[PDB]
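4 protein chains.
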Amino acid sequence: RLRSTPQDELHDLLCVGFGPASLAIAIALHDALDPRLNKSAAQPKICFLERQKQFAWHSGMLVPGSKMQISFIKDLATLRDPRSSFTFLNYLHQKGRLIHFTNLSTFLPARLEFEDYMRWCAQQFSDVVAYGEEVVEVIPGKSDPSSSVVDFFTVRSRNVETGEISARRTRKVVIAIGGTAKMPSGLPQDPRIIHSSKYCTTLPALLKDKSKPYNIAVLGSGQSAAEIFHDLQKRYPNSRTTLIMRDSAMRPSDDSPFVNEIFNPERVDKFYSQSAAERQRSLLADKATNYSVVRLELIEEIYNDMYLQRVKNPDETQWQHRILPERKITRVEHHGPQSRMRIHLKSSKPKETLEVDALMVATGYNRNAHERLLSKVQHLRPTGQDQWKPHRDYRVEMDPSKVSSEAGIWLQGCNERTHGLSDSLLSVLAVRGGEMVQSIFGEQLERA
Amino acid sequence: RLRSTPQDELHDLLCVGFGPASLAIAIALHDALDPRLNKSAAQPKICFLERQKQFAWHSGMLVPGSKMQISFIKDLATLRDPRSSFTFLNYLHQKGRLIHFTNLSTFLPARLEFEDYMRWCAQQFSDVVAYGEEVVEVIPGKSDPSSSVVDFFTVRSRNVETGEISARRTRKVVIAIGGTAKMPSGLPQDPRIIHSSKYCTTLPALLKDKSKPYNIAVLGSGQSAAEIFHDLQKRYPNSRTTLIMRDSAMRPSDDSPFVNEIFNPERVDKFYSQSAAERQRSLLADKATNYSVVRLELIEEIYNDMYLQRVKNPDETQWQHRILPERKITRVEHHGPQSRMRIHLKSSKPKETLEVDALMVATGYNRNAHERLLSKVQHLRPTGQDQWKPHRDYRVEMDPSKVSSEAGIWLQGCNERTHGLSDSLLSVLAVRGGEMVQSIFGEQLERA
Amino acid sequence: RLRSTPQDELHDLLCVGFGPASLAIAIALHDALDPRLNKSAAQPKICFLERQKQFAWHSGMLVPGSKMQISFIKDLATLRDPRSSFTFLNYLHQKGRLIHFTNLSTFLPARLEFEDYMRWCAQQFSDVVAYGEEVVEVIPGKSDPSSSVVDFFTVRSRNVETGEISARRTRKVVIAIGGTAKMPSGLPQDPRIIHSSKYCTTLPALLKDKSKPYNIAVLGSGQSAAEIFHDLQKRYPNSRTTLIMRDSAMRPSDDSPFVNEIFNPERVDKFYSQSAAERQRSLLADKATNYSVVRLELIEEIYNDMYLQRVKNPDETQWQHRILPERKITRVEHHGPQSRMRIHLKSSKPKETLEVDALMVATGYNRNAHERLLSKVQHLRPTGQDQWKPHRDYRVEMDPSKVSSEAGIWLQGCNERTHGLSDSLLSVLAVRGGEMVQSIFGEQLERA
Amino acid sequence: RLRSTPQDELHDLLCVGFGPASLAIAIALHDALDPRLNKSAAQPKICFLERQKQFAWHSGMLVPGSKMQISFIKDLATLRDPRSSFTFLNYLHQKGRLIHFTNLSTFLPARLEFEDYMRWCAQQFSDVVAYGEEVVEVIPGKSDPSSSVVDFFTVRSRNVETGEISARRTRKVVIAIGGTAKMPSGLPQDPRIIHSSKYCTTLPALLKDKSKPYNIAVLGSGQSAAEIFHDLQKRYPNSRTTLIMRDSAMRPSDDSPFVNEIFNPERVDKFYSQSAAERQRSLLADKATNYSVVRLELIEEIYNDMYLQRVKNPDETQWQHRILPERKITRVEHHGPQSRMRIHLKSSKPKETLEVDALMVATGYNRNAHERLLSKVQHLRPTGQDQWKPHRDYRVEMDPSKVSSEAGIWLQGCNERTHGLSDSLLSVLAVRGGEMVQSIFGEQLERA
Ligand SMILES: Cc1cc2nc3c(=O)[nH]c(=O)nc-3n(C[C@H](O)[C@H](O)[C@H](O)COP(=O)(O)OP(=O)(O)OC[C@H]3O[C@@H](n4cnc5c(N)ncnc54)[C@H](O)[C@@H]3O)c2cc1C
Ligand SMILES: Cc1cc2nc3c(=O)[nH]c(=O)nc-3n(C[C@H](O)[C@H](O)[C@H](O)COP(=O)(O)OP(=O)(O)OC[C@H]3O[C@@H](n4cnc5c(N)ncnc54)[C@H](O)[C@@H]3O)c2cc1C
Ligand SMILES: Cc1cc2nc3c(=O)[nH]c(=O)nc-3n(C[C@H](O)[C@H](O)[C@H](O)COP(=O)(O)OP(=O)(O)OC[C@H]3O[C@@H](n4cnc5c(N)ncnc54)[C@H](O)[C@@H]3O)c2cc1C
Ligand SMILES: Cc1cc2nc3c(=O)[nH]c(=O)nc-3n(C[C@H](O)[C@H](O)[C@H](O)COP(=O)(O)OP(=O)(O)OC[C@H]3O[C@@H](n4cnc5c(N)ncnc54)[C@H](O)[C@@H]3O)c2cc1C
Ligand SMILES: NCCC[C@H](N)C(=O)O
Ligand SMILES: NCCC[C@H](N)C(=O)O
Ligand SMILES: NCCC[C@H](N)C(=O)O
Ligand SMILES: NCCC[C@H](N)C(=O)O
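Chains as they are written, first to last, in PDB author numbering: chain A, 30 to 70, 75 to 383, 393 to 490; chain B, 30 to 70, 75 to 383, 393 to 490; chain C, 30 to 70, 75 to 383, 393 to 490; chain D, 30 to 70, 75 to 383, 393 to 490.
Accuracy of the hints is not assured; some may be wrong.
The calculated label-pair distances, taken between Cβ atoms and stated as ranges, are [as the list claims (entries may be wrong)]:
| no. | chain 1 | residue 1 | chain 2 | residue 2 | range |
| --- | --- | --- | --- | --- | --- |
| 1 | C | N337 | D | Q480 | 39 to 45 Å |
| 2 | D | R364 | A | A70 | 54 to 60 Å |
| 3 | D | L317 | A | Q157 | 28 to 34 Å |
| 4 | B | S159 | C | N337 | 41 to 47 Å |
| 5 | C | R459 | A | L137 | 27 to 33 Å |
| 6 | C | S443 | A | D63 | 48 to 54 Å |
| 7 | C | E448 | D | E349 | 34 to 40 Å |
| 8 | A | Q157 | B | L357 | 36 to 42 Å |
Partial chain B-side listing against chain D, Cβ under 7 Å, derived [claimed, not checked]:
| no. | residue |
| --- | --- |
| 9 | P290 |
| 10 | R314 |
| 11 | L317 |
No lab work stands behind these hints, which were simulated from the structure alone.
A virtual CB, placed ideally from N, CA and C, is assigned to each residue, including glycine.
Isolated chain A, as found in the complex:
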């Protein structure tokens, strides 16, 4: 069991964010310290800062009926050690549900179930996690101020409820803050225009009456757009929905066994060793495994609904739920006296008008939010560097004549270009957590 470190003490590690990636590190550290699992093994002074009030995993996209797109074996522990108490199967055993899960004959739990698994995991680390704390900046520190050597970092976080800044000092920092909502530059700001990440949380507040005949539009062609589009038909039974996509069709995610091997934990070494050109070419060739793609079973379900509409009415323009392929939004009118916005559409090749009460935007995420937190440490990078360069062990490159060997900053979840498509996913977290514990607490736990 991990014990709390007083705020005023110098930490060994401070992690920013407590989502899956950070939780995987916490679990890996527990396991590395467990004399039952690690026969070799003073507790390291560790703390996790999370802006949410309690543990949650993409709560705004927890659509009813939504399933995991990954095998349960690729949970937070199994691929590193199946004997771990933090496995999904052990979770089910602790819940009295293992025999019942077995009878489902599925590798893909509901997202709701997998979130509770991770919640059950996270709760066992409550003593070392500070919730309601949003990190605003990371600042370099010098134990000897008159020297020119940085040997610690001050991490400042704002309390979400109360608003005051708190400071914690640490030798090492991990940033695992996921991504920020990516919005098209052409779209204007409006409370009726909502990103996919806030679908379950903000949309019901805007459209209070669930029986009212609303017009709701969805922009995108990926898993989130398909999930939202399909869900709206259940959540708002009398609403007219529209899916808008640049591509000609919803295209299936590629989970075929040979292609799927790029997500193997050991393939991170092979991917990282490749040159920039070889890494850029590889990500593009395997784009159908993660980006702008939908699980085949969802596509088929949607297509079936589209076919039943055809049975009832051969006239496509009369359909309650429609898909408009090869379209882009030219302009949005949202200053009119009516409840609805006017969306203007044209061909996406190098058209109609829609009037809608709400526009759901499922255009993915940006993984650049760490830049804002690390502006004050940019000068510690090697001369001329304008991007953070993560090593194989995820430790960012810094000038060794400016930064002590005991001090470092690690990045997690934003290292796709260097580590592969599995970097932002749950695929390698169990193994990566294990690697991270070794990279950070290596020398400290070698003597045991």
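Please build the complex by placing chains B, C and D with the ligands on the supplied structure of chain A, with the hints as guidance.
Leaving out everything else, chains B, C and D with the ligands in the frame of chain A:
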């Protein structure tokens, strides 16, 4: 094209009922008269009497999302002649939907779609079908009244809208009236106790508010009980449902290829030729193909919903939707001042109380309604016979010294004991229709 | 790690057989003694006697391509404790194969793979397992010979290689010897007539040339008969095969979720508590889950091969591989001067002749071989008892005035009538092993 | 029924090739002339020239177990008219196999079965098909030699058995000759290097002994390469096989419903109307539907075999069957005194040596063989044209002042760039055949 016969004329054939079975005969006759399909081929004087106001197929069980449990190839024509204009594939071509159906990659259309196919078929016979006519009795006739030989039949039908009796005379009669709702003898009569056959038609009238937290019970363990039970959770989102069954579990329908061969049109010969003991033993050994069984995909779907309830709440007694296996109803209290009935339950081996607003009873059908229509012709059977004995060609056995060779009565859909499990189904209708046309219009069309 | 007990010492436990059932006990004991898994925990003196020269699992039926009919989660440890080092997933991790297994997206490993898993398990108990030892009898013993109280058992085993009898004394005995080959009484003894259990081991010796056009017959309609029949077509490409069954068709195994719940470890309590009549009726109602049934995917594969034969030749009598349903063997001629036997066939209802080089008999197993080993202890049963009566904890009932409380005999794998259909299977072994350790070593390990 | 035209007579139509594409035209013409199907309808003088001795469909790739990659509904007639006697379902009915096919529950017949269907179709046109005739050139003709107007074409064909040239004159020509084997330019000519199209025909002649331990290599990553690679393991049980591909993995064919709509017969209009840039971009975006892709079920099967090899031996270099991704052939040594060639390999990014008895090359086809047959008619194209420009109705553009309106040349199966990915496939053949009959025999059959 088949033309109408004036009511006052002597018919060659009169069919009672215009459901799938009778429709299959009509289609087979059209095809036998089509010089394009039948190279050998005065039109026979034919009329169909149907009690419904227009063509419908189990409308009270047309659950949204419900699928066919039979391959579309086993439609009303294909197995007899794929070149027929009455095939499901030709229907889709006429509707502009064939390419769209192909992309679904399914042999199992929605029940809604298949009903429209049969509707599209039936509408082409509107000139020879009298809707809104319920047959009340079949009476024997003698062209020479002083003789002791029956050579025609008078069929009397009551108009459902207006109530008056009409009489039509014919040499030959087909009875294809399906089955009547089978209700348990222990259950009392109550408007809150409804048979599965009236689920979509009468239940919404009883429970007007779709958002109200009702308690609704379902009795049975077959396809209809599972379909109703699963549907209620969608149709009444806030209702507490209960499935009550005598058996320990929902058991899957057997559609495995070798076992499924009993439904082959040619296997009717082999089944019919078997003795009474061999026929009784065969039906029991293949009971899992049709009776008290559910499509595996529906069972799995229901089980998944049951599992998600377990994820949210480990306490089974708190669940919104529950299944109570190995239970029987001992008594029903329905005279109380409250809106709900009290259902008392005990073990089905040789318990609780439920309070419900509605009880859905899915206990199948009886195939004995033809007996009431043929009471006045019973004396034409061979001496000592107290059951109607259908030949291989479905023509009931009558005393040849009392009934002329040109006169006869045929039975359809109630001949399971003699013809097999496929008799009540859509399995052999295309071929059976063809056989029926030959049996009835054989000598009349042999000269062509 | 479990250490060896000298032959001459009084044992706490002696297990007869080292198949899955006994291996599950060994694993459960290791786990109960592991202070990492069991926080409470002198080693108990234990020994396993196995007649085979090394660990094997139905080697004569290890057909190439054959799969497990059970989810890998129902391995030898997971359902009791997923943290165990003896889980299938931990096995794959130790073999460097876990990521590769995950990509298969299957719960059903090849029988070859699962056997190696169990081999990998068994090898860790080599110090407490005596291979090449066939138990011939269990004899009661009295530490005080002049008393009338039995407090130990002598177990005598014959060395298979050398032939001499060895004696080991123990307070408690487990008999987990599986089943003996069940052969029809009408069939005569012949080297060309081989039981399914010796298919992979004895048949290749009889039919040495794999390219020779043999006639090979298979008797049965279950999983083993289907597996052998399908395999012969690959193993002997030029041979004429024949499947002979009493039933009209191959019928599928029922693995539907609600019915499958009878295999739950907790349902053993509910099944055991039921009366003899309720237990007899329950086994018969769920017969399609284990007995005379074939995995649907195998049936479909076989049917497809049968269909391709029809494409090439419409004449069924000319087919290389044929299925003869509703047939029984009346007599077998095997004294003729030719290489082939003559099998005479008739209808199985209350016919042809086959000439074959080999007859494979897949008619299941008997679970009564323990009777022969326990004849000398029969007099210790309560007066009038002529069958062994196993308690819930599998300990057979004995007269408490004749047998001390520290002495007992346990049965495993033959308790279907009292414990359910899962008794002979791998379904509950993990949990049953755990229960067995508690029943046997309860008082001995309570002080820890 | 279509009757033969004497060789010396002027034909209305002459078709080059009698594969699926030409067969579809023949069937469409039969149907357009059938007064049963076409209510409006002297027979047109038509002849088909085919170089094979009898009807065959990719005989060199008729791998045992190989399935169709297209739904049977997309046969040679159904999508145009389901009432046609040339439908796959009618074929099965004529063969007595329709009920048996239904029980398979598959849209994908074996390639062997579908070939026999097309054979059964083709045989009904034997009177208008000249087999054993290879067309060597098409020459323009002038009924008035002194004029400057071409109004007919002479088609010259060489008899394959006897070698002499025959000439047939026609107003209109269709070229439906499929594609020629595409071979990499770096590979030298050798009898041990065989294209996929000659796998079933020439490889068994080269490797006579099926039990001999050969080394066999397969170059490619598409359906044919996967099929050959998987088949070799069955056909040569003791051989060491190697799959060589430039890509990192076998990638699955995309048959998802929305993407699959590009293969719709009506989408040919939409595709054709698009500009050259829009057509080039569309083919590339949907490349995963036809090119360098494998049916998912085959990939999974291959992967499973690869996994079983891992179970038996963790050492990948020791495996009997191996896949070498991201490799290209640099040089081939084939002049050595040994039976085997030496294949040198390097990385395909911008290595080992293999010694093999045979190299199977599955690198697709070229669709440019029509160019050689039309060299003498090139001058009839509009000035400056160096490529044949097919109209929507497939009629190539010619100078209207040089070619009469009654004379024309049509292309089939090579029009991908203008008509879409379905052009070379079986997808639109039924409809295209119908369109072709109208384009060619339009004015001739309008008066009926
Ligand atoms: C709808 C949806 C479904 C998905 N399903 C799958 C799937 O099936 N399989 C799969 O492999 N991947 C899936 N993913 C991908 C997903 O990114 C990963 O599963 C996972 O969320 C990665 O975890 P993370 O910790 O890197 O990022 P996150 O899960 O986003 O966690 C980051 C955490 O940091 C916190 N944080 C952010 N900023 C600050 C700050 N300034 N201060 C303090 N804390 C902060 C956030 O509150 C958050 O809790 C899915 C993504 C979405 C959107
Ligand atoms: C919910 C449900 C789903 C089913 N799905 C399938 C399936 O997937 N596949 C399958 O093979 N089978 C299925 N069946 C079985 C079904 O019985 C047959 O498909 C089919 O209905 C048989 O047709 P029929 O004409 O014999 O009987 P019916 O369809 O019942 O037709 C009888 C007709 O006679 C009329 N009639 C009755 N009495 C009189 C009277 N006195 N005078 C005049 N007219 C009268 C009725 O109005 C009715 O129209 C299903 C049954 C149910 C209840
Ligand atoms: C082909 C086949 C496939 C199967 N597949 C499955 C499956 O997928 N899933 C499933 O749940 N079940 C399956 N089973 C059922 C099977 O019975 C169990 O999986 C398992 O074998 C039960 O283990 P056991 O120890 O009870 O019996 P066994 O496995 O038979 O082990 C008994 C052991 O005792 C030894 N022995 C016997 N007599 C003596 C003696 N006199 N002295 C000393 N030693 C002796 C034997 O050599 C043997 O090693 C299958 C059975 C067969 C035949
Ligand atoms: C292994 C394989 C599997 C396939 N499976 C599918 C599938 O599942 N679905 C699908 O849609 N497509 C499939 N195809 C694509 C295939 O191209 C089409 O199915 C089909 O063959 C197209 O017919 P065609 O007439 O255009 O060409 P072809 O089938 O090649 O027919 C051309 C004919 O012209 C003849 N010919 C050639 N030159 C001359 C000459 N000089 N004189 C006279 N005659 C000549 C040839 O002998 C041949 O018979 C497959 C292709 C291959 C190689
Ligand atoms: N969208 C998440 C992709 C998961 C990946 N196919 C994997 O198996 O790891
Ligand atoms: N419930 C209808 C059964 C249909 C049958 N399996 C058939 O294929 O004909
Ligand atoms: N033939 C073995 C049956 C296994 C059983 N269905 C189970 O899941 O335990
Ligand atoms: N490889 C042939 C592709 C067939 C295509 N998916 C179709 O449905 O027409």
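List of violated hint numbers, smallest to largest: 3, 7, 10, 11
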